[PDB]
Structures are given as structure tokens and as C-alpha cells.
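Before any questions on binding or motion, here is one chain by itself as C-alpha cells, the form deposited without its partner chain.
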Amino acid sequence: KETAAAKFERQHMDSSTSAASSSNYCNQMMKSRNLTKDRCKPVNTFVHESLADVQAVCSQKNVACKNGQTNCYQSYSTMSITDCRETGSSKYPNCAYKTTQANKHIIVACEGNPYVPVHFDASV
């Protein structure tokens, strides 16, 4: 089974690299993390930081989520991330992504006990 925390790890953590592996990083990762199985996900962010560093964000700056909920947290430091965004040709079942490397503050939604990230909200 997959807990909300483990889902977040599968969708959003890639600690094994400090930055996106190559041109095809996103196509490969969106496939291998099983994100595009029933539709193309329009955007998905992978975080190139330790799991402990990301979990630590739930203790940092409380901010409003994009949906207006109040269980979101912005990282004090910026973090190495890759945004995978669909290209114009992308169309289920043939999802295609552009890979954009960035260093931004991340915003996550935290839930549970222990209080851990369950959604990747935004970067800024």
C-alpha cells in the first residue's frame, strides 16, 4: 500500500541526483514514477534534496496553499528542483515533458502525525 507521505516521496522526491539528469529526465521520471498512467499530468516537480530536508519544511514558514487551505509551508532555503511541464505536442497516451532546473523555495502541504509533506503545492 502507499501512505500519503510515500505518495509524496514517489511523486516528488529525487534525492539521488542534485539536479535533472538530462534532456529526457522528465519523460523518463514521469514514466518511471507512474505519474502518466491514465492521463498526462500537466506539471510535476521533483525535489533534489534529502528527504529529511524536505520533511523539515513542515516546521518552517506557514503560508496559504494555492487552494487557500492553511496547512502549507514554505522552505526557508531554496532547494534544487526540476519542474516537468507538458509540451504542446503532449497528448495522452504520448505524454512529453520539458525539463526545467531551478533553485527555488518550495511550498508543501503537510498532514498527519508525524506531520509530513503530502502534496507539492508550488515553488517561489
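Superpose the two forms; the largest set of C-alphas matching within 1.5 Å is the rigid core. Only residues modelled in both forms are compared. Positions refer to the first chain, counted from 1. What changes on going to the form solved in complex with its partner chain:
After superposition on the rigid core, the Cα atom of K66 is displaced by 2 Å or more between the two forms.
Superposition on the rigid core leaves 21 to 23, 37 to 39, 66 to 69 as the runs of at least three consecutive shared residues whose Cα positions differ by 2 Å or more between the two forms.
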Second form
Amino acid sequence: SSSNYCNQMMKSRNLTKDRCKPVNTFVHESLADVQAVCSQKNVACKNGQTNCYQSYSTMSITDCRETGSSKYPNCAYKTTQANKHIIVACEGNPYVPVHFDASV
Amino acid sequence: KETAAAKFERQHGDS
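Given the form deposited without its partner chain, state the structure of the form solved in complex with its partner chain.
The complete assembly is shown below, putting the previous chain first.
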């Protein structure tokens, strides 16, 4: 809870205001294009359920990973930017992303 | 209160 994108965004989005969340991914794409993944390549989820979908193309993502020296309240994060296929678990009507399963 | 779909966007969206 200092500067760099992950520290700023984890705090602003309320992920680290009351704990330091170990890992979080931000997707730099329009939300409707991320919701569009739920009708793209169906794949098994790590847990063997099959409501997961892999994006046809890679997307711009920022991975935020807590450093080994982070302790609440001063959460600290390593920022890694990547372009990866995202795998999301989908539910409901509208069938929409509710969990990340991976990035590949 | 926050739906699961709203929480996914809050946590991962950055349009």
C-alpha cells in the first residue's frame, strides 16, 4: 500500500482494504468482450466441472502477486503485464463470468 | 448486495 498499479488498484477496488489478497488479475479489455468468452471454447475447469470457457484470442492482463515481504496492513505486490488466453467459469442467465480459472 | 457476476467485474475489470 504504496505506489505501482497493483498496489493502487487492489486498494481502490477494495481487495486489500481489509486483508492482503495473494493474487489478482486485471483484464484490460472491454467488459462485454470478457463476457463474450462464455460462448467461446468450452473446456473442463481444474475441478473437472465443464462450465469453463477459454478465450479464442489472447487479452492484455496485469497479474498482481503479493511479494514474500508483504504483511497487512502494508500489502506489497509485484506487477507483471502479459497477453494471455483467459479461462473463465460462467453461470446464470445471462451466462456471465463469475470466476477466473486461469490464463494460458 | 453484490452478485457474483458484479464481484467478478469489480475484482477483474479494467475497461
